[PDB]
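Removed from the display is one protein chain of the complex; every other protein chain stays in position.
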Amino acid sequence: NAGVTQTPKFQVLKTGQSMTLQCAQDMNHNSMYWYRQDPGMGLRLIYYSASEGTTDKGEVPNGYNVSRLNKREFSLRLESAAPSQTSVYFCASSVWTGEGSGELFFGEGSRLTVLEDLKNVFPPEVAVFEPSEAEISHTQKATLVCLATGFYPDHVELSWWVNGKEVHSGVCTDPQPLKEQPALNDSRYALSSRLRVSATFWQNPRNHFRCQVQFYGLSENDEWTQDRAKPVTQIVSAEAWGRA
Amino acid sequence: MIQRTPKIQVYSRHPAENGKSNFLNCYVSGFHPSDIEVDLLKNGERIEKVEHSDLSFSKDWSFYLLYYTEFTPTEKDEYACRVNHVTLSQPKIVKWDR
Amino acid sequence: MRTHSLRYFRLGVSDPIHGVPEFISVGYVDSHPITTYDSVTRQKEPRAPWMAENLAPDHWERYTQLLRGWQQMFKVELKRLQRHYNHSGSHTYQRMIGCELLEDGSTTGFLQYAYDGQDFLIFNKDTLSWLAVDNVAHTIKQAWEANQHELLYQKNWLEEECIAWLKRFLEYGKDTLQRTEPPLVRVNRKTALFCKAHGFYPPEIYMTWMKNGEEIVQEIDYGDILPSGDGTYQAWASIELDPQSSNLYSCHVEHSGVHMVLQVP
Partner (left out) sequence: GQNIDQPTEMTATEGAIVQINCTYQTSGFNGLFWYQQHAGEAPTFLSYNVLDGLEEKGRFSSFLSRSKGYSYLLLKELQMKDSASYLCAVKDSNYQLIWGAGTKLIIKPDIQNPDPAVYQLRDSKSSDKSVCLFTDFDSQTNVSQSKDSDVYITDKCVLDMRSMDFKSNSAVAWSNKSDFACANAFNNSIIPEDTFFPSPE
């Protein structure tokens, strides 16, 4: 009952690198599709497979190929990645062909960034800032802030952990990152998140707070030649304790 | 399972006049299921160079085909159409009646 | 214009003999085949030159993909019917969909299915429901009618899309489809009078016999309208002569708005 399972969620590539995106559906659907989604335009079909045993080009096939490996699986290949292929890729499936009233079922999406040089890739710095005492006395509430700054590309997941458990109530994380230099096309990014709790919860000294950012970056086979540390996929975090 | 036997009609393209080139048609229709064998005969022998339309579909779910060959009718030569189908015990022969 | 129609047929065979296709689909405008696909070629191809000349390769390529999907769907449905029927051996499944644009401007649209050459499910696009002929069909009717959006989609296709396609193909093929070749009609004796017509297009023709100005349809033998092979058609009708009393017999032919009377002296 998984629906449409596609991988990877994030991937950084250098121009010329090869990449395969995987997609499987367990719904016994006959038709499968690969779409790309870009700002300011509607979804564009790259390739599709009307049925097991056949495939054909969509609207934007150049630079891609597909394989309908079986009834379940439909993979997308970038043999030689180009920067223009930086996009969010969605696999989808439908019961029968594109023909009729049947809707599409989408996978969770794959974010690809293709770069001329990996020297632009940076993990985030993460810092946590404890609540204002003035806020506590004026509102009986306490807002912590987490800042994840200087990262590139925008492949991050930020989470809050209270007392060893991930929380989402009381959390607001910016839905889009901030360009630290809005004019540069490859600007590094910043992202802020807030966790707001009652003053009583913040004033318990045994309560523990952590902001954690998963960064998706380079891997073992990426070549690195810079003086700084290789920006591999990694988790960066910062913490705070409550205070009486 | 209702199987329907073919209706077989044999006729010339134009009203036939001896010595004038014509086409001999065999129109096989109304049959089901679709597999069928059709030969045009001349003096009882199978004509070799014989054309035919693709299998065609009728609204009543039956099928039809047209088999045809160019010929020049003479007073001596007799022509027929021979059809086999799952509904026929032996092949059915229909002679051209001009 | 005269009345015209567009229709698409599908045939599926569950256990075909060697060579014969598991699946065939053919389109027609009036009596003219326009498109063909089968499980051996796996390609949708024109069957009329005026279709090939007016539809770019992207058309044939796209519908080739849809037809490969429709082929598989037809196999699944036939396999399911043959289970419900608990039938062994080879069985056939057929579909026909289409529309007519009538002379007066009105339209019709239809969609139906057959199992072993007999009506199985018939769509009513006005009540948005399927007529089932037996209990296997009734089970399918329930599944199809649960999908109300698909019923609406079929009504829209029959009433709007099909008519738009037909008008597009009628223009593509207008030199063939909209021409008139009048019949050549003669009477001869063989004892019965035969009224014979040939060389005419379109194939729709009305031939009958009258006796002293009255039509006795119960004693008339009507021949089929048959293809002559050159794009035109031929037909006939006969009536048996009374050898004990003279009568004024006349053959009446109507074709494409013109009436003809041949009186037998």
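What to note about this one:
So that you can tell them apart, the chains are marked A, B and C in the order they are listed, and the count of residues begins at 1 in each.
Keep in mind that, in the parts below, contacts are C-beta pairs under 8 Å (C-beta built on N, C-alpha and C of every residue); 3 or more make two chains touch, one makes a residue touch a chain.
Checked against the full complex, the one of C:161, C:221 or C:230 touching the unshown chain is C:161. Checked against the full complex, the candidates A:11, A:97 or A:159 give a single residue touching the omitted chain, namely A:97. Check A:1, A:28, A:62 or A:181 against the missing chain and you find that the one touching it is A:181.
Touching the chain that is not shown, out of A:122, A:129 or A:161: A:129 (per the contact rule at the top). Along chain A, the points of touch with the absent chain fall at residues 4, 40-45, 90, 97-101, 103-109, 125, 127-132, 134-135, 138-139, 141, 143-145, 147, 149, 169-176, 178, 180-182, 190, 192, 194, 196, 198, 238. Interface with the hidden chain, as seen from chain C, comprises residues 59, 62-63, 66, 149, 152-153, 155-157, 160-161, 164-165.
The rule is short, and it goes like this: only the chains that are shown with their structure count from here on.
Between the CA-based centres of chain B and chain C the separation comes to 21 Å, rounded to the whole angstrom.
Averaged C-alpha coordinates give centres for chain A and chain B that are 69 Å from one another. Remark: chain A and chain C have CA centroids separated by 56 Å (rounded to whole angstrom). Counting partner chains per residue, chain B has no residue touching two or more of them. Touching chain C in their complex are the following residues of chain B: 1-4, 9, 11, 13-15, 23, 25, 27, 29, 32-35, 54-57, 59, 61-62, 66, 68.
Taken together, the chain A residues at the contact with chain C in this complex read 30-31, 48, 50-54, 56, 96-102. Those residues of chain C lying in contact with chain A across their complex are 42, 61-62, 65-66, 68-73, 147, 149-150, 152-153.
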